[PDB]
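Following the hints, complete the assembly by docking chain q' onto the known chain q.
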Amino acid sequence: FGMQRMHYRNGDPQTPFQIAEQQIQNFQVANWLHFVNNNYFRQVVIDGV
Amino acid sequence: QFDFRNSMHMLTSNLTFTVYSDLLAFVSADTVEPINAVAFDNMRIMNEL
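Protein sequences, first through last, are from chains q and q'. A prime marks a further copy of an entry chain. Taking the entry's author numbering as reference, the numbering of the first sequence is continuous, increasing by one, and the terminal residue is 488. Taking the entry's author numbering as reference, the numbering of the second sequence is continuous, increasing by one, and the terminal residue is 880.
With the rest of the complex left out, here is chain q':
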């Protein structure tokens, strides 16, 4: 049998929230000067001056 007083419920949720996808488009990076590039050991990458 069906009773209306029992099926009633108060669902819980969140008010509002903008779902974000493709997040990395919000960060930009700049190349360092090609000459002044440092690889791993505090030294320039190429040196044939």
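Isolated chain q (complex conformation):
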């Protein structure tokens, strides 16, 4: 999209993908980045394991 390139300092609690999600405007790319950001595992107890 030709926007100014980001300078993500090495050590901020935020992630580059989070900043990109907070920055860009287009729909599908932002949705995909948002999906890849917070996609965490789920703890499930099955059969005692």
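Incorrect hints may have been included.
[As the list claims (entries may be wrong)] What follows is a set of in silico ranges between Cβ atoms, one per label pair, in the way DEER data are often shown:
id, chain 1, residue 1, chain 2, residue 2, range
1, q', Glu864, q, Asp451, 14 to 24 angstroms
2, q', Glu879, q, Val475, 32 to 42 angstroms
3, q, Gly450, q', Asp861, 18 to 28 angstroms
4, q, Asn477, q', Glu879, 18 to 28 angstroms
5, q', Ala868, q, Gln443, 22 to 32 angstroms
6, q, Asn470, q', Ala868, 20 to 30 angstroms
7, q', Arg875, q, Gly487, 44 to 54 angstroms
8, q', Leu880, q, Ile485, 33 to 43 angstroms
9, q, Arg448, q', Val858, 27 to 37 angstroms
Simulated from the structure, these hints should not be mistaken for lab results. Even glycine gets a Cβ: it sits at the ideal position worked out from N, Cα and C.
Okay, now just chain q', sitting in the frame of chain q:
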């Protein structure tokens, strides 16, 4: 004319004192960790992590 009773004097001085030169050799300095260097604004100098 010369009179001995007049030329006599009690010069004043200091007892003893060690004169010091090249003083800064008595202080040593340690570099901070190069990564954790802070320049002027409470922030790291370089950030390209």
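Hints and how they fare:
no. : hint                                     : verdict
1   : q'/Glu864 x q/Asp451: 14 to 24 angstroms : 18 angstroms, holds
2   : q'/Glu879 x q/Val475: 32 to 42 angstroms : 23 angstroms, violated
3   : q/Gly450 x q'/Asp861: 18 to 28 angstroms : 23 angstroms, holds
4   : q/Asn477 x q'/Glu879: 18 to 28 angstroms : 26 angstroms, holds
5   : q'/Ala868 x q/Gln443: 22 to 32 angstroms : 26 angstroms, holds
6   : q/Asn470 x q'/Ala868: 20 to 30 angstroms : 39 angstroms, violated
7   : q'/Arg875 x q/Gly487: 44 to 54 angstroms : 48 angstroms, holds
8   : q'/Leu880 x q/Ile485: 33 to 43 angstroms : 39 angstroms, holds
9   : q/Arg448 x q'/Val858: 27 to 37 angstroms : 34 angstroms, holds
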